[PDB]
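Quick heads-up: it's one chain on its own, the form deposited in one PDB entry, in structure tokens.
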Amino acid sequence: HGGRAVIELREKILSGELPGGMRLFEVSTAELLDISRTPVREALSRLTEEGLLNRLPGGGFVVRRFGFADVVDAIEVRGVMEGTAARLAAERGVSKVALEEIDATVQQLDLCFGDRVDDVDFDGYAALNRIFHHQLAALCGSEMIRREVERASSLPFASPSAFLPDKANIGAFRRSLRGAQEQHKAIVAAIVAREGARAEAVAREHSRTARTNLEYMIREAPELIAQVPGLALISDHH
């Protein structure tokens, strides 16, 4: 009910239907979505937590305006937060079951690669990549860490598979997935070996793949900008 309200409202913000700087109010938003006030209230609050809306001082909400600096900083925060989770898992240790689970996801991700450099199941990688980053966040067994890492990924343009959309299935991106999969293996290896410094460094570097993919799209493939939701609304971008 409330979840269905979040999806539609998020879609209207990211499409540019509700532009940056636009003021949103409980009743006018409920009329727009043709949904009851209770789910709409949950949706507006959830999208504030997610970072798409800001609260206005006298009540109501405002659609946030993002710059390139915001995208780069969001990717940085996510990498730094995932690096913390990986380091703490290596320092504290991981349970037999949790390790078996994440190692199974890495093995499934290996099945997305073939003989030629381009032979990669892009859609299969993107779905399993989300699972790997979820399991990595929970690895150290801390709810506080899991919540803070998940919040850092909820943030705009900070999702692990955000720069891997189905329609951005290009050669240059498929070749870069082999290096990314080697990073997943290295994070788990470092955690097993109790090498916190390595686990953190690899997780931070791994997040920077998103920034490289973004920079590739601006300089070499600008038609791919519209494939990332909301990215074409960032006026700054170039």
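The term rigid core refers to the most C-alpha atoms you can superpose between the two forms while keeping them within 1.5 Å. Positions refer to the first chain, counted from 1. What changes on going to the form deposited in another entry:
- Fit the rigid core and compare the CA positions between the two forms: of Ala189, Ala201, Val62, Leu32, just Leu32 moves by 2 angstroms or more.
- For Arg41, the Cα coordinates differ by 2 angstroms or more between the two forms after the core has been superposed.
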The other form holds:
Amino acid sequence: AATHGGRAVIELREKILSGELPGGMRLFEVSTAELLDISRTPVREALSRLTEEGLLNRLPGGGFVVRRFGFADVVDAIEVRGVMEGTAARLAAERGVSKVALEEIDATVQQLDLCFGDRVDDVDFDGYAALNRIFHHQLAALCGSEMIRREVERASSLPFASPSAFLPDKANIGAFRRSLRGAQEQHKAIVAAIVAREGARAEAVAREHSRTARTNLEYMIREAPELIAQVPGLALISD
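Same protein, different form: I have the form deposited in one PDB entry, so give me the form deposited in another entry.
What comes next is one chain alone, with no partners or other molecules.
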């Protein structure tokens, strides 16, 4: 936002994700106010917003501490997204989707197919990730329920939890621009099952889709330990 509190959130978030403000660090109002050249008031607001964002934990006595995240927490958070995305898909199958909503998601699927040429590596890496995030948002709202959309989007809220999190500009190597051809099939399958009222298949595929990220992350560890810093908010991991 155009406010000190708004800016404070953006700055503090950046510092937390960069590792600058490490996990387990207690953030004091007085000292954070000093760091941001603002008073305690917009700081309290920022700390309260970053708390609902899940980057900070409120302490028992009062006060805030930066949340600790291990590779364990990356694994589980991806699993929860999968479970949630699966629930979003299953409910769309069980309950039905309006023609309008189905047209929208089918259109995004078509646009995502346009990102593929003919070769194993000929793929618009930047154009895909932007559309992929559109798909996941549509799927979250697809069953019609707001409560579901809200909760599904929250499970895909953390930086490593995000759908297009394991799609940065630098991780453009052959081991990830080949996996995407298959992820597009999963996207097609999700919709195709929803249309077919195949709840089991819908949930199953939507879960297996999130497992693509866990798969990609496990390759970044074993094949590029320096590209670890590249993933949006993977630098903050204490492992």
